[PDB]
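Student: Residues per chain are reported as follows:
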Amino acid sequence: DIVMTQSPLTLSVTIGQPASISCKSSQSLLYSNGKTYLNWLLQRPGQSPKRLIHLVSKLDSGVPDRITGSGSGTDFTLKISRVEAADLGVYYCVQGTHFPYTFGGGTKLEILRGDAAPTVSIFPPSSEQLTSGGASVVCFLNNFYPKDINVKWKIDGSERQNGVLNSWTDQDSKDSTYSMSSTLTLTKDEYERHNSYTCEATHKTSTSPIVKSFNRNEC
Amino acid sequence: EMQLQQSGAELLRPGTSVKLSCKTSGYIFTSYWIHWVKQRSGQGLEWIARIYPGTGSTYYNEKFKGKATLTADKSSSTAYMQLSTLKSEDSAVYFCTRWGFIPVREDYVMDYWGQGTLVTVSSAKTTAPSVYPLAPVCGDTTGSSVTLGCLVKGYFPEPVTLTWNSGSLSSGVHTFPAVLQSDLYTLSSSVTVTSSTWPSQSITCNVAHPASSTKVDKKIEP
Ligand SMILES: O=[N+]([O-])c1ccc(CO)cc1
Ligand SMILES: [Zn+2]
Ligand SMILES: [Zn+2]
Ligand SMILES: [Zn+2]
Ligand SMILES: [Zn+2]
Ligand SMILES: [Zn+2]
Ligand SMILES: [Zn+2]
Ligand SMILES: [Zn+2]
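Residue numbers (PDB author numbering), protein chains in the order written: chain L, 1 to 27, 27A to 27E, 28 to 214; chain H, 1 to 52, 52A, 53 to 82, 82A to 82C, 83 to 100, 100A to 100F, 101 to 152, 154 to 155, 160 to 167, 169 to 178, 181 to 194, 196 to 198, 200 to 204, 206 to 223.
Please note: incorrect hints may appear among the correct ones.
[As the list claims (entries may be wrong)] List of simulated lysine-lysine pairs, DSS-like, C-alpha gap at most 25 Å:
id	chain 1	residue 1	chain 2	residue 2
1	L	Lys183	H	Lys219
2	L	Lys24	L	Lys53
3	L	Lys142	L	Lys183
4	L	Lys142	L	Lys169
5	L	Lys45	L	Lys24
6	L	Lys30	L	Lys74
7	L	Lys183	H	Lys23
8	H	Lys219	L	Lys24
9	L	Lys30	L	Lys103
10	L	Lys45	H	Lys23
11	L	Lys103	L	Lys199
12	L	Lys199	L	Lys149
[What the hints assert, rightly or not] Per the computed footprint, the stretches of chain L lying under chain H, defined by three or more beta-carbons under 8 Å from a beta-carbon of chain H, are:
id	stretch
13	41 to 51
14	63 to 77
To be clear, the hints were calculated from the coordinates, so they are not data collected in a lab.
Each residue gets a CB set at the ideal place from its N, CA and C atoms; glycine is no exception.
With the hints as extra help, turn the sequences into a complete structure.
Tutor: In structure tokens, the structure reads:
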């Protein structure tokens, strides 16, 4: 089968700047009828893929001519003359010249914006949960940029690595930031044996760890 | 308005079979090829096969011969794809698409895609989620604004539906992708409101887990 290689894997571009994606194939895609069946698709976050270009350089209806396609043989390029927020997603090249049809691995395009410091919120276990004999402490780190961030949990000054569950959102198309959730789960008994619970983050926006904590007790 | 509507998420036991459907409307069903595509772990698409509903003619990617069987019902404008003897590699999202290439014209018409059907191959049992409200203590964001949350944990399989105030509150909400751990998923969502909204007016978290017919609303109380 034809192997399709896309580069780069990810590109970060500021709104207004140009962007170009490359696609290379293991066999020439020139069909025996002289036509080259190379297509480009875009899959927006939470959406089905959509064809942008067909026959190397022909735009599909409803597609902005900010998008351009070119190439021949085994080398193809997709160019975005001016990036807009709606361009965020994964771009794929797919060939239909040789059977079976094969896709490239994808290139994620991410909008580069000004650094944004995380807004951190911490939540102790609910009563409902404690009743069940469990205790989860949750920490939300919302709206930060760049995506790169490191979060550690500390209980009474010691790092806790077991029982941590992390999740991140994709880049938000409203402000180009990222958000993440970190959940630490313990038994009710152990939770009731410690005092301070700390959610600690490391991010470009600060020379020192970003902290959020609470001391459980009673009254 | 050309539309392709696919069937719901499926949980299948190893070694069994499933039939996925792709109902269409808005165009002459028998006049266009319908293709099926597979997507595993995000960026990773594979072309499966295509069928011309007018004649029943089909072409398969060698890899899928014996795995996939495509059919189409002209009387209902529905294309189907049956997957046999399911294994680990078959867990994926499957899309049907009226791709639009017209062989006679050697040119393309607009491509329309179904929303995708998620197939989970597992023998793990279906478990209803526990929904927990997250009211602030330090995660109060002080004044101006306050963030609340909703913790959905211990369910199987995906998906779960989570809204705030029946969908009336969509701005400033963040719903994190579920994470699997010990055969159970955990999911969380945060909503940021102004100090004047909450605790004054009530904020409720709505959760639905179709697989176990569970529907629950949790009111975030101070
Ligand atoms: O995604 N599809 O449905 C595709 C169908 C055909 C091709 C060959 O050009 C590529 C992709
Ligand atoms: Zn060939
Ligand atoms: Zn050939
Ligand atoms: Zn200690
Ligand atoms: Zn101690
Ligand atoms: Zn302790
Ligand atoms: Zn102690
Ligand atoms: Zn054309």
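Student: Please flag the earlier hints that this structure goes against, numbers listed from lowest up.
Tutor: 3, 7, 8, 9 and 14
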